[PDB]
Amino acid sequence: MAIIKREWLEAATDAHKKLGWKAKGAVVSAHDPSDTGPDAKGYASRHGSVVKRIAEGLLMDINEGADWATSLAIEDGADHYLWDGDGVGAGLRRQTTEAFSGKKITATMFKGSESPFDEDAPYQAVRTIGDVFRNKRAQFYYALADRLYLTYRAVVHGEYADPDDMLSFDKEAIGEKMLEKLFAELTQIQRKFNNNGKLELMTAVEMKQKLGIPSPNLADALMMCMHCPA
């Protein structure tokens, strides 16, 4: 039921170097403020299709966490910042917008439980996005999975893909230790049964209680980065 293969992640490591392309596009950053306020938090940032930072935020309350993540977004030259507002982070917009005052950084609250973005559009790669994905959490985790798989096929099978549809991990920028932590979380993200035939993922609470796996905040942070707001 896992949606991402470890082999894809290994292939995607330095894929831009292996295949000879450079990051192009906006810088997108996202923050997972943890489930519960004080536990481990996540941040991820990419420049176009190249992931450049994966960071954990430790021993912080919810407000310290948002200060940390928004400061990283500033350091990373983000054009767009997202954060998970479906839970304990639902009240962070004022602090977030204060942090970005005077800077050209958009702030978007991500709510994974919402219906998918652009849900009446045709599904690509009479069936619409909303017919395929239950919600944004599924939509954007599969956006990630699709990028990774296409990257794997390009790197390992020599099948051309547009870099804009791929995802590379800049290992030197991110650091080996944090990259490994991210990967160990990403391979735990799992599909669950859905009674309307839609793609749906296990929630963090389910992952915890059913399988004993801790909240995948780095994975979630990266997933949210897949949505570029505008």
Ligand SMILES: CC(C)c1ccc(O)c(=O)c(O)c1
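Residue numbers count along the first chain shown, from 1. Whichever C-alpha set is largest while still superposing within 1.5 Å between the two forms counts as the rigid core. Residues that one form lacks are left out of the comparison. Compared with the form solved in complex with the ligand:
- Only one of 170, 67, 200, 39 has its C-alpha shifted by 2 Å or more between these two forms once the core is superposed, and that residue is 39.
- Residues present in both forms were compared between these two forms after fitting on the core; the only consecutive run of three or more with every C-alpha moved by 2 angstroms or more is 34 to 39.
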Second form
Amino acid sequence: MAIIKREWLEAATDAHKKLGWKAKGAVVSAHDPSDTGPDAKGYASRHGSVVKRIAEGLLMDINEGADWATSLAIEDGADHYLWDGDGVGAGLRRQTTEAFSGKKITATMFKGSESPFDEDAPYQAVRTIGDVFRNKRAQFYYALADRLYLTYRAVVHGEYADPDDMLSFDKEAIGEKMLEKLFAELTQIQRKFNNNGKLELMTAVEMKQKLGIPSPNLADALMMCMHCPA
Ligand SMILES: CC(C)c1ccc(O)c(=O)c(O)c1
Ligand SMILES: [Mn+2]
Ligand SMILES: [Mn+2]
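Requested next: the structure of the form solved in complex with the ligand (the form solved without the ligand having been shown above).
Next comes the full complex, this chain leading.
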């Protein structure tokens, strides 16, 4: 039921260096907030197809967490910032826009439970995006998985892919310790049964309650930065 193979993640590590291409595009950052409790904060940032920061935030309340993440976005030179606005993050827009006052950074609330982005468009690579994915969480996790798989095929099987459709982890920038944390989370993201035959993923709650593993905050952050607002 897992959607991402560890082998793809290994291949994607420094893939831009292996295949000789450079990060090009917008810088997108995303934050997975949490209230004070067991669930850590997540932050991820990419420059185009190259992930450059993965960070985890401990011992913070929700507002401290948002301050931490917006500061990271600023440090990273983000053009776009997203955060998880389902549940506890629903009220964070005010603090977030305040943090970016005077800066050219857009802030977008990500709601993983909503219907997929552009749900009426034909599903590519009669059947629409909305027939395929239950919600945005599923849609953007599969976008991530698709990038990783294409990168794996390019790195390991020498199959050409446009760098725009790939994803590389900058190991030097991210750090080995945080990369290992991320990978342990990404390999636990799993499909759940859906009675309308759509792709749907286990929620953070189901993951910890049904099979006792910690919330994938770093993976959720990375997944949200797959969406580039405008
Ligand atoms: C209640 C728990 C498991 C939970 C719910 C929703 C989220 O968006 C989370 O990001 C999270 O880390 C934990
Ligand atoms: Mn969340
Ligand atoms: Mn979380």
